[PDB]
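Engineer: Each chain is listed here by its residues.
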Amino acid sequence: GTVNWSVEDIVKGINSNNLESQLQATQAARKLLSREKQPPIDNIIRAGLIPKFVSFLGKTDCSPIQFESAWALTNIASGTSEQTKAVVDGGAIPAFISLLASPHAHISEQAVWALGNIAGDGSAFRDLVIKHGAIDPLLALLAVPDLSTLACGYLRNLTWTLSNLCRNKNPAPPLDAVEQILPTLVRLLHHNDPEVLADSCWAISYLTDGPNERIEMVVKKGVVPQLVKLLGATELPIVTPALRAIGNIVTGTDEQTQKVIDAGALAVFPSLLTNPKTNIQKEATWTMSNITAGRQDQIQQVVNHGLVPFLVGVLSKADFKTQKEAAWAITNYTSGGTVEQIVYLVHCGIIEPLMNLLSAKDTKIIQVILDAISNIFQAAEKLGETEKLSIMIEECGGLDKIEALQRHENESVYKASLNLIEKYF
Amino acid sequence: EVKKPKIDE
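Chains as they are written, first to last, in our numbering: chain A, 1 to 425; chain B, 1 to 9.
Rather than coming from a laboratory, the hints here were simulated on the basis of the structure.
Keep in mind that the hints are not guaranteed to be accurate.
[Said to hold, decoys possible] Partner residues aside, some chain A positions facing chain B, computed with beta carbon under 8 Å: (1) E36; (2) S78; (3) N117; (4) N164.
Quick reminder that beta carbons are idealized off the backbone N, C-alpha and C, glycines included.
The task is simple: from the sequences and hints, build the whole structure.
Structural biologist: And the structure:
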């Protein structure tokens, strides 16, 4: 009966004075809006239906029309910002928050979903959802002794919505909303469902993408060990956000970085730095770059875990973007490391792959490599071994490349190159 | 994703 109605028919039913006729037309709208092929969102909006749907959310006596309207609005809210805005502008936010307490689980879940789409639009709607009081009722739905008793789909939707309330920057979510959410998030991060884990990690990744104070709020909750565990998961949808979270954390303080190391993270990098997914290798290498920017004792842990050969590996062969992160990781290591640590790097074979990357058409990577060479030469100067290095660089074709770079456009490039030639060749 | 439509139930 409610398959493939026209918008005109939906409108006629919705404007009837008959709740059952309105219910059938609302369901017909839900079915239109639930089709994967070009759902007619704008036509439904243009027909003026959103205010009617919103009013139906409040019909406690007709739970089916609450559900159908919720679903229809969910799918409108899933579209463009302008489509999401039409839902918000119809007063949907307070009406969905009221439904979070519905005795019908399918309706509460629909309201969770709709609020997730609203919040997911951006910081302003996220923050408006929060100001209307969404967080308390959302968290109340997860206030159970054991998360395993909840239906799987419902728990996944709640996790996803909460992740959207943690998402976006400029600004980041309200500090007090983050403090309120984090204890539930910590619990969900220990749940055994792969999709809940994935979304829980995304939420943590968002919360750690910011200044040191935001990182600290998360790290203080003791999640870093669980994140390192998830970093070793078999499911890529888990590894991706877990690694992003760990990566964000090591952009903080040397002390926040040490928690990642102490939790055992470095033992996972042999696999991450060889991972067949390009993006994992790239983000793992970026993570390493921010660990090598740390203290000498942290550099030493990188050395001890056998990770320098793996950096030589990525430098030698990887997607260009990963190779650029590896270049950074080396320049950092060389800027902060002791002489012995820098010697080790040369003994692992860093020179030839570094030199091969000097032929790249990226100015920034050339600057990075030139900086690293300078630091390595400096360490050799303290050992009286400048010539050994000069020879090495010459034999692998490096001197040729540095000469050319004296004739490079960029000022820093030609200067740093000239200095090296003048000082060591 | 950030937003998602409900397709079935």
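Engineer: All the hints need checking, so say for each whether the structure fits it.
Structural biologist: Against the structure, the hints:
1. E36: holds, 6 Å
2. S78: Where the cut-off is 8 Å and the nearest Cβ of chain B is about 4 Å from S78 of chain A, the hint holds.
3. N117: holds, 5 Å
4. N164: Holds: closest Cβ of chain B sits about 7 Å from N164 of chain A, inside 8 Å.
Every hint, counting from the list given before, is met by this structure.
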